[PDB]
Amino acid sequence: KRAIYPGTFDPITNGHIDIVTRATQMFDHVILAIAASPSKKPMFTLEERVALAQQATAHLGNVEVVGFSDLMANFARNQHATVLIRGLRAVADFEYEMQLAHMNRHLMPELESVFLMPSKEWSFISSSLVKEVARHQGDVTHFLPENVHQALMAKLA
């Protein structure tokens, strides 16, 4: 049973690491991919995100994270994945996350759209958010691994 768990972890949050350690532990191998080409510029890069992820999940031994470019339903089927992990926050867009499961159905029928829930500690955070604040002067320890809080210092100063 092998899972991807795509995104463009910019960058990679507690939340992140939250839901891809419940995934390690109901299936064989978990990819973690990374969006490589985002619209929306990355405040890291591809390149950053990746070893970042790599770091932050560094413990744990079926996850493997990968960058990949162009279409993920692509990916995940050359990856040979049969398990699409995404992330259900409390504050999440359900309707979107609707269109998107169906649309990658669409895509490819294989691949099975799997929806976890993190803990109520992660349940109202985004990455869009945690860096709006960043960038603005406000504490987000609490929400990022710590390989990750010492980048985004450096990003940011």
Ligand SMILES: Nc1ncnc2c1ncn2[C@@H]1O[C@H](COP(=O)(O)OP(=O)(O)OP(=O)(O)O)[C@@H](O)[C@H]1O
Given for the second form:
Number of protein chains: 6
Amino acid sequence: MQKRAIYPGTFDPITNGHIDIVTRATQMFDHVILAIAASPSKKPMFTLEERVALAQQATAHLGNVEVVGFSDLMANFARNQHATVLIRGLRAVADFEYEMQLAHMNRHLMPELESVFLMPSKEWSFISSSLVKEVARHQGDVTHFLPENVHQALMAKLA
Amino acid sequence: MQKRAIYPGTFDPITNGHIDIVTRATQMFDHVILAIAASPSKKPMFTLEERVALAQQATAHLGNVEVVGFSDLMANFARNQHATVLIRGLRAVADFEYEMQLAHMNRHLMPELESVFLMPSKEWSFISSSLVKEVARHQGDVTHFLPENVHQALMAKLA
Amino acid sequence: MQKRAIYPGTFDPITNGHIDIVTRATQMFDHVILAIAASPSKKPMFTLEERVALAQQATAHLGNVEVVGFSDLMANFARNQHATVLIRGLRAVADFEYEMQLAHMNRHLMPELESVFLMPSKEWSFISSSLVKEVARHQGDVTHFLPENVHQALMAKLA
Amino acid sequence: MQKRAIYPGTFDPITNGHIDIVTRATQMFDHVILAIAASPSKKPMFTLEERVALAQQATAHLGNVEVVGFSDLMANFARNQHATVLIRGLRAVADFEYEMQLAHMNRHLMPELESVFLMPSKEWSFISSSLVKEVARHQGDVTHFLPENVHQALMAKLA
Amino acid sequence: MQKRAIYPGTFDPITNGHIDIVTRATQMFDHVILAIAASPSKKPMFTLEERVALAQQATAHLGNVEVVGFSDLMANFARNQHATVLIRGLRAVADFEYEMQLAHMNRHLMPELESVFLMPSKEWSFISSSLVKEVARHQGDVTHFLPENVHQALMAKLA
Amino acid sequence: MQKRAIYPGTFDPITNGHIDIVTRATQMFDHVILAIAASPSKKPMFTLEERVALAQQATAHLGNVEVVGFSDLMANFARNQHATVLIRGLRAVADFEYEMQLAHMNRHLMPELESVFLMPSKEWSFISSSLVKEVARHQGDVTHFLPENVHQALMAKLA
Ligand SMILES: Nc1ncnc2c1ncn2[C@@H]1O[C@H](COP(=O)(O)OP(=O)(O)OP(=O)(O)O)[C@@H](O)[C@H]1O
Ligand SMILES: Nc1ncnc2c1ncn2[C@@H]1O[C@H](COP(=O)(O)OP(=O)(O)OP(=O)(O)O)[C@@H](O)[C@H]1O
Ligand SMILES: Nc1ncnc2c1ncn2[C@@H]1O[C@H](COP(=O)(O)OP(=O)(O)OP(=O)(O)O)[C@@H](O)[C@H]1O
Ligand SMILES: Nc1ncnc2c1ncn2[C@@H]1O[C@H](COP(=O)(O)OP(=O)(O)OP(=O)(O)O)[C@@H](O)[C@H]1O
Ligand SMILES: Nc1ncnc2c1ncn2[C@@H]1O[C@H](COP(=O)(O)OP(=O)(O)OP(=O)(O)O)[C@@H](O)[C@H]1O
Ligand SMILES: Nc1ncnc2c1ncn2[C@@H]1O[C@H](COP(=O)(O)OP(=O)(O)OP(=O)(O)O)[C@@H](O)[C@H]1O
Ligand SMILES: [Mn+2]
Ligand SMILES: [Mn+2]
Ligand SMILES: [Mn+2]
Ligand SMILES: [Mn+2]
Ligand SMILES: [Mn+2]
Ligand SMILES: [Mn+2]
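What does the same protein look like in the form deposited with the named molecule bound, given that the last one was the form solved without the named molecule?
The complete assembly is shown below, putting the previous chain first.
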């Protein structure tokens, strides 16, 4: 079957953890939409424009990945995009109770959208965009957790 | 014995989950005070006035329920109201560590107030007011999680 | 109202933690039935008869407590005891998860039997029958965690 | 793409929860192998042959499901079945922790076998084979949690 | 060996829980730096100056404790201070997933800095500075959780 | 100061995870006692003598490590070894809960024996003796998770 999956998030910025997850998704699903939310939600270090461009570059090597931005309800977008699979990354440091809440709400909103939880490499299982941003903003080295293009952009952002 | 119990919260707005919990409480305790906190805590979608009126309507069918608003320390109000039972709803997606912290603090503040944790129906075990508000604010259908009166009020609020 | 509550468990043996919980229960409800399950699958250290005796003496000072043993389905025994409140203790977090399962199953078996979780004192928040037995198997001093009569029995049973 | 997925477990016995998960799997992948592990260390109630039979009938209505038993290393069996997706169900939180261990071990044993966690309906989020057996050992009504043929087998096995 | 340990935090204000942890640290390590972060992070009830002075007084009886303030990355300061041990208090109500995330990030940033988790007395295992501040700000008694000097300062702050 | 630390466990068998933890301990304290408990109730795969031998060789490269077996109460053995630091490893979250219980019990038995939790590398954060044995029972390759001598022993023991 030709499944269309959606992998939503703020990607602010996209990390090696995100790349790990989306790469794993492309191996089991025909088309993967990496959906970037225009979430002013607490000042996106990067803007949607930057957010999208960085993601497009970091996943350019992935043939069946499509980077697209969206506003408001993720489920409404997933429905319009005809996605039937919702990719969620599950870190060792994940808020499981929250993921359950989100998945059940998304199922209520769009039952035809099935939540699929993927696990990243042990290497990226203990980090997050906010932690990375916080560390970088406070003069810490986060080179190891980001694609080269994102690393360069981050330095420009904090300079 | 004639126990007086208090069921505190922001009820912003009251949901079917809250109704579930308070209804279960009225079956084991003589008088249940549904206490609504005037918690400006991050802009109450609804005002205390609205908050109270909506709750009064949603629990009007419950004979031994009294909806009352209060400000500042919940324990101080519970003490003045002569409550000896503190109702706490325990969702499957609850922050247990937080509930423990809260209960122990409340016990220090008022040892004569006993924390009672009740469990809602599987139906409401994965939702919360903030999630409901967030989904509704972003164009999602939350009709299923609210009493009719609250549903109508919510639509007016977001229009 | 005069509610009848049941506090089921293996109580092998009953500890100060159990005493703490049942005591809190007697202050909320008219009559409390401390129900000891045979639990053959657990290969209890003490026989049902022994555990019943131990608990009886350990709770003799509590006028409205009744100790009874049972091998039936807890739900059926609860219904037959005319109990409408099911008491459970919440100390540690992985207990909560297991407790929700039994609670939802028990609600399925007897919907009018309302689950009520109570929280023990900080003093007994880290003990369990199995841990006390483990320490006692190695001759460690567990006098602080058990009722006088239970400690003697545990000592005599292990030597 | 035509992916082959494997859904391993002890299935002692298979429950509606398992049915829920495998069903969600058949809607995402072309072929699903419901693999029943011998699991001698668990001292299963039903023999491998019995569990296989039970599952076969319980999933007969699902065209792209295949039930097979195995005593090999799950990873090796997966490779030999030509599966590239490993299905796992996430109901409760302590499962998630244990699941990450097996997932990371299995990824170490077969890196191309991608772990996929699915979430069951709220309806079966609190049941397990062991709990159903426990209730059944006490003659409790478990018809609601098992496929018709499994319930009969469970009844006949316990009397 | 002569180990130099660092115990970082906002100490806003320092509580009996903090005193408990730092006291335990001084018993196993030669020199303990109680590092106070100048974290404007959501309006420090107390200023760094106040924060430091209160801590110095509350730990004056501890000979090998040095109270020092720092800004930005904790790891950068720890490195400059030549610390090889990082003290983290682990409460029963701790965000473990967060502690893991933090520890792994700190290990990436400074591998020569080893994270050591200490456990406070049952007495302080269910509280935190934010909860204490919130309760006090809302007219609750928090005398029991603070050193006398902090208690006096807190009352002045809220008057 | 010259502290003596004890790292107790069943070590059945000792894994790279254990090696990771004890190694971190030797860098903080002068002398470390890796204490292997008989743990008859666990029905260990290897005898105490075997586990001691295995650990001795597995930690021979660590000058300040001492391997000893014991069947006494861990607290008493710690006191008799003149240890004032109790080393424990924290990998997964349900371990933390169980660890707090033993820690509080051990503090009750020997208040001057301070509990110290260390965190293993991401590399060994998902392994355990039981999981390695489980994989090995099915002939899976576990060379990556065990010291050379332990792997041989495990291979020879299972065939
Ligand atoms: N390092 C990672 N490994 C695996 N999954 C991840 C990782 N980081 C994020 N995810 C997952 O990707 C999705 C989107 O996450 P998001 O865009 O918020 O980035 P984030 O790192 O989680 O941000 P933040 O640090 O603000 O929490 C979520 O399902 C999340 O669990
Ligand atoms: N759906 C629900 N089922 C059971 N208990 C609930 C539910 N929603 C809230 N509660 C409980 O009722 C009490 C008050 O909760 P509150 O008023 O904050 O609503 P809320 O849904 O928890 O809000 P929020 O989404 O902002 O977290 C708490 O003890 C909470 O656990
Ligand atoms: N120390 C304690 N504090 C609070 N509740 C407790 C405590 N010990 C047991 N309980 C609760 O009492 C009920 C019965 O528990 P049980 O009879 O199994 O004793 P137990 O200590 O939990 O045994 P075990 O060590 O085998 O787990 C459960 O709901 C349990 O959560
Ligand atoms: N009710 C359920 N809902 C969702 N997933 C489930 C459910 N029961 C089992 N699973 C999942 O299916 C897989 C196999 O589980 P298993 O065969 O052990 O049955 P089980 O119910 O988990 O047994 P037990 O009661 O012995 O723990 C696991 O990944 C498990 O998480
Ligand atoms: N009562 C306590 N017992 C043990 N450790 C504590 C306690 N309070 C704080 N800690 C630990 O000390 C360190 C610093 O904590 P912090 O300075 O943020 O105070 P805090 O109480 O955790 O603040 P907040 O209430 O805002 O969360 C952390 O590692 C934290 O876990
Ligand atoms: N891989 C690991 N990483 C970090 N700490 C570990 C690891 N394995 C064990 N430990 C810790 O070492 C101590 C002793 O553990 P133990 O000897 O039981 O081995 P184990 O792996 O935990 O065994 P089991 O598989 O039976 O649970 C415990 O404090 C435990 O948390
Ligand atoms: Mn996130
Ligand atoms: Mn809430
Ligand atoms: Mn128990
Ligand atoms: Mn299972
Ligand atoms: Mn904090
Ligand atoms: Mn262990």
